[PDB]
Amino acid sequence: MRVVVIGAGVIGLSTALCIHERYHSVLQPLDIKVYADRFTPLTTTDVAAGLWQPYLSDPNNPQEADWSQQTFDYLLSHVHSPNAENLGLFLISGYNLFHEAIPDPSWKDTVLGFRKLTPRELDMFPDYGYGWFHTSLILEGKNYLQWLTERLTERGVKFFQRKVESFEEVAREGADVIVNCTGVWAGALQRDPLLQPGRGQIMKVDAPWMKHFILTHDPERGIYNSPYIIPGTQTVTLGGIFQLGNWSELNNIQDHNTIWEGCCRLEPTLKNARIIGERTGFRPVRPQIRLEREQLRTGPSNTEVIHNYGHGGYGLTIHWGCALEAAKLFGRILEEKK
């Protein structure tokens, strides 16, 4: 009853945790190990600020919307436990700014105290004339990945460092079910033209007076290409860069100036704030999340493969709904045994 999960990001770790707590009981003996090329603090998850917020128009797959809601409710039911600081979970309020009047989002009632910005609040941001204010959650990837690792290590889950070159290679090794949580690199295991890197560059600035998140939006520049400021526990994330098809895991100077001159137009207080770090990541951009069960009859035996990747810029927002759905698929393989 052995199962291998490939990848140690928010997807691989929550999926591995979900499957356990759903199939661990005496009658069902379960063996699980995780294979990953990179672990915390070197994953994409470690680069993500952790703000809960879906993509903000009607999703192409209505499933996703419920998975986002499932994640929020799960996280909000945790936000006030003394252990919440170990997963880097806290409550944050903030602004979402626009140039034109857009309809209220689907997640309007998922979030806390959602409302439309007043003219006086809008007068604090002089390039934007419409907007929202609401209370969400930040789930810092660094702390959450440590929490999941701890949680998995005490429940008997072994961890291994290796770069998998094919599913057939891990199938001949022993594993019954393979859980594919490779993120942006899934293509190297099974070609996927739909999956593309959504290059992001961030700036980690020391600004503790910064108490709210500010997200800006314009259909002109596109998604994730507009200034954003996201306070964390130890620093403030300064972003607003999205380059599709870009595989450069190198910090670019032109992007630094774009983020800096954009965030300082929002919060001019940021001009006299020290920079602790700059980092780069690739959002696993896919039109839809691939959360489908696939029988790999092309290789060792009739091996089952659970695909779970392509969560773009909302991996931390959606992860739990996915992890539950993946566990549901694992149960379908189990009931269809013999």
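Only residues modelled in both forms are compared. We call the rigid core whatever largest set of C-alpha positions still superposes within 1.5 Å between the two forms. Residue numbers count along the first chain shown, from 1. Compared with the form deposited in another entry:
Looking at CA displacements between these two forms with the core superposed, a shift of 2 Å or more is confined, among 287, 277, 29, 62, to 29. Taking a Cα shift of 2 Å or more after superposition on the rigid core as the cut-off, the stretches of three or more consecutive residues that move between these two forms are 26-29, 298-301.
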Given for the second form:
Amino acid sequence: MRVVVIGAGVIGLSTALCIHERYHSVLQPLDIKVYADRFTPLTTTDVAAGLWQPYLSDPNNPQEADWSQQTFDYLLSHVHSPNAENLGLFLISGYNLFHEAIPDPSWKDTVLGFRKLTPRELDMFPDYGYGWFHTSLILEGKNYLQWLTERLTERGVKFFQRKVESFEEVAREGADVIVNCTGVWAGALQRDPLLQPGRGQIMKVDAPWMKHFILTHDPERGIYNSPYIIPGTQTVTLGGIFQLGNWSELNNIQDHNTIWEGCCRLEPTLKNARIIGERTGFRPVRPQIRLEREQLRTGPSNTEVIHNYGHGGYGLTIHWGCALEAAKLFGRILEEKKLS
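What would the structure be for the form deposited in another entry, given that what you showed me was the form deposited in one PDB entry?
Only one chain is given; partner chains and other molecules are left out.
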């Protein structure tokens, strides 16, 4: 039973591990391999702040609600031990800024201490008329990626730097199953005009004094496009830039400028931070995550493909859910192959 997982990103690695942890007992020669064009120092996943927080109303696909949920419980049930900071996982409270009023978020009750910004609080914010306050999780992109990797590697799972041209180049080369974890780049193996990139740019700056994330919103510019401050482990991230169809993986002046103005306006102590650096990446956007099976009809018999992409700008808030899902689906492939 040989398995190729494409994408060394959060999804790929989470689903890799999640399938392996689940099925090495109940399956003789489980071979797993990740094939990836870009590896952990250089993926989109590597760019995310890594705070957990689903959009503010509820999904096209009300199950995501459940996937985010459990991502949450899982991380939190791991929040004290020697592992936590390896992983780069730790707890963090902070703010949600809105002009007008707005209904509670579905999720309200997964997080701890969710509540509404009382008025002493909102004075602090002259540009804003309302918010929430709550304690959430960061799972920092880089670390999660580096640990997952050392767990996969202790599990005998084998990495390979490549471009996969198409499912069948890989069926062809030998594989009962293809877990498709390929992100914004999904479409280039099997067209899907539903997927598009949410371009983003953030600044990592020096501000250790920052102890709260602060998230503004402004539907006049939409989601993921109003300035945010996510204190990280080592450094604080500064963004607010979302833009459909932008395929420029390259830092932009105008964006910088927008990031830094809004962020300084939001918290002026930042005017003294030292910029460490800056980065772009591509949210894989889509009305809903794609995660289903597809028997790829292909020579003497059909290979099996699990699709697990389109997580957009909430990839880490969810990944674990997803991964436990593509694992279930995976099991099924098994019972059918009369192997379960």
